[PDB]
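The chain that follows stands alone, in the form deposited in one PDB entry, written as structure tokens.
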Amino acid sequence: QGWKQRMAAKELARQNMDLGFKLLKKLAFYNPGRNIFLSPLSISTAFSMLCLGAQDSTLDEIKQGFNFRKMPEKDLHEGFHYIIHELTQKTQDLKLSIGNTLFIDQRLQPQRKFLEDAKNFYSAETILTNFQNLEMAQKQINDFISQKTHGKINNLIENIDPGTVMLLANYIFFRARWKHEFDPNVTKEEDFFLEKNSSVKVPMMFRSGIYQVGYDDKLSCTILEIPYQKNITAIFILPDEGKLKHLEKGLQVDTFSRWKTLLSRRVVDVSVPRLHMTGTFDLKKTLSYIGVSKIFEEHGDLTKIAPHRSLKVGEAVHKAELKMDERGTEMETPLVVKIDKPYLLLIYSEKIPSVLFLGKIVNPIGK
């Protein structure tokens, strides 16, 4: 039985939810007017995986920053292994992979125990690279990742600092069928208001059907859920005019559970833009938002990864990628939910609890 693993996953999912909202708040504060697209879950797997090879102050700070402190470490790794194993699929309904690749300088010797544990618990791999040729190391890493993800995760690395002997690449892609397909013949170019006064034409999908829908008077936003065929849900959060900043600032762990209380199944005429979203983050910068930096410094804390005095993670990048289109399986007067102005998007795994993706979409066709 995997009861205990399932309980650990439930606690870890609450933690990625909080992490996602904290990261979104900080990212939106420093960079307003930009799309933000990342996977709190995928980011968490990367640093939890690093806990298998980290000791002392570096280990303690990752666990403090990511709030991995509530359960024993054995349960932390068993919980993440369960989440990854359950979500990892290449079926007609769902294609999801969480990649964790450490690229280590070929002069270093990654330790067997760490290699085995990372592969067994996270499906993470270590690839030897020649960091003395930075240009070639970048092409090698980008080609390795593009080949592994079948062209879903491309150009992951744009720069490698000299002296880097260890680079972490974390990446997640998603393809899923909706529980009910949208008819592509009904998809049309429609106005997407970038601002109250300024608009761009975007491919807008349309379907009339039964959906979990609601309105939050506290955060002044419409909530709409569109289910995928597998137990995953696309949650659209549409702020009222001039309430986006209020919505971002009000986001909490309790916010989400409150949104769930406001929903009911109703007939809705839904208009949703198609998306092909990617988000790329320098994790050294992103993790400063949760006070995690020792992993990026030399402290003699990574000997379990490889013996070497000055060892640190030189660089770490996260890339999240998702396609949202018509693909899927197959009363009362309809409500109308038009997603045609800046919105938040949460891709939520219901069965294996987790926030797979969190997005702030200011422009669905925006790069």
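Throughout, rigid core stands for the largest set of C-alpha atoms superposing within 1.5 Å between the two forms. Positions refer to the first chain, counted from 1. Compared with the form deposited in another entry:
Residue showing a CA shift of 2 Å or more between the two forms (rigid core superposed; candidates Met324, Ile36, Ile62, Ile339): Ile62. In the core-superposed comparison between the two forms, the C-alpha atom of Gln89 has shifted by at least 2 angstroms. Residue displacement note: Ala9 has its CA displaced by at least 2 Å between the two forms (rigid core superposed). Once both forms are fitted on their rigid core, the CA atom of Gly242 lies less than 2 Å apart between the two forms.
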Given for the second form:
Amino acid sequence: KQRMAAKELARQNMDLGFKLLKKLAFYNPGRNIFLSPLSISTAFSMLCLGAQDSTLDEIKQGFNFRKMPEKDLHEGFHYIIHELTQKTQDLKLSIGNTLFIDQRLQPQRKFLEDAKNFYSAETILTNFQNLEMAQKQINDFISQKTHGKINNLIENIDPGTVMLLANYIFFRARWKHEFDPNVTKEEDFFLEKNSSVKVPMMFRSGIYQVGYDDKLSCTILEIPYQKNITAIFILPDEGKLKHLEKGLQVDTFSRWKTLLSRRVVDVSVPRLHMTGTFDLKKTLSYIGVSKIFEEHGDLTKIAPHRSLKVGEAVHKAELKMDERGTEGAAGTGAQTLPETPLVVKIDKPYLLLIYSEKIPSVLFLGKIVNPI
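Okay, that one was the form deposited in one PDB entry. Can I see the form deposited in another entry too?
Since only the chain itself is given, any partners or molecules it might have are not part of what comes next.
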């Protein structure tokens, strides 16, 4: 259907990525940050199905699902999830959800039917009494969907756990124009003006979408993949990283598109491998989402006759960027229990933003202060 809700939803999921990145950088300055905003949004938007009252209110507030009808939210996610799904030529992009429900547990009929519909949720039975058995079963499932990039998603399972909501995303693609390994060579990467470090730097000269933002004082550069997906680099001027971070809003990405223009560019991009792990309980507290992790009898839509709360919530992300392309993967789990050519040299702290063009959505989001 003519569902323009996916676009508005993408606009808000986009803003949510920045929200977390701001707060994460604010509380953890001078460190690498990598995550998948889409993976976290889908997980907690699916969690909104079986929630109500202040628990629902706080989650909608933090994840920007507030200014939106209930209809357009889940209908929007179903559109994004279905359209993004591509296991076609030169582009593997998988995204899905899974409910690890206990046999004894009989959750509401509406919650499951909506989970299976809007989010294509796969029902799977588990025995949480056998912590050692349940863990391996769940970690193996995610390890299989992410082709072994996200291992041991769940480190500790609570005895009282009755359900585990799980989201996974896998991404593999090659550049539209690959870099030549012969040209790549170790060059300086400046953590600061004086301090530098040698890192493997890729290089190619060609037509790139490029521009410069005067408001946030940064250079924009798009390096598209073989199809649909593209990688956007945000290179701020010297001593304006904090200026860039704080200036991130919901309209930021929209503006950057108007500043683009196809030009011949001699781009220098470092090889990038990143691993991210987050305790979502601590993280989501930064955006006001806390009730979901406390007992308030708001998750009755999940269990009609049990007082449930979320115990352990975790997010893990993985990226490997090289000359051939990029391989991305992430997971999210939550337990419920009782002429001179233009030159753009990326040799200093920058932001990386993996974005799907044809299907507006941020698959991954990163802050690189040191590619090693």
